[PDB]
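First, one chain by itself: the form deposited without its partner chain, in structure tokens.
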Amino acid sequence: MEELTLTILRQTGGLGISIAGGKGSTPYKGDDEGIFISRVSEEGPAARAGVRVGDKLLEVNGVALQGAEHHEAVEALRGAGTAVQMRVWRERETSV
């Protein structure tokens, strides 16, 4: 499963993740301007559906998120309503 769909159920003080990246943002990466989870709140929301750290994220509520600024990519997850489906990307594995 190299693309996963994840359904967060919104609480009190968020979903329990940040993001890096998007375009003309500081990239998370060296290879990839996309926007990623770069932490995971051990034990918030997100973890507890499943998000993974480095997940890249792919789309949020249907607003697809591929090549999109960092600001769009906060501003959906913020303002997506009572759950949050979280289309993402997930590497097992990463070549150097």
Second form
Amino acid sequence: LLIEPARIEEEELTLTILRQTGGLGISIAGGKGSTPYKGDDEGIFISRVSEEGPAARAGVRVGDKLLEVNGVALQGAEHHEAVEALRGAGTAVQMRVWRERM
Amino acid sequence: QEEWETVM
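Can you return the structure of this protein in the form deposited with its partner chain bound rather than the form deposited without its partner chain?
Starting with the chain above, the whole complex follows.
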């Protein structure tokens, strides 16, 4: 018979993005008090990643939950707070993300 | 309320 292979169900990664004059190449969703992006999770998510853009080249994938940006935690953050964090993250945007499978 | 597409 066959056996289920080793499966990674969850990841927490640290990704470093190099912003271009155009920007990061993502779109974020969610926030405390907002219509949650996934389920009831009012956290911040990556809803879009531009192909071969900075975030793309850095390992970001659609659906990543955004937990922290350059040492600024986003727990319980509203959408605009996360927006202001990223707008000012600067050239090098080091984000910690959470990632499921499937 | 629904803010799902703030592009950056």
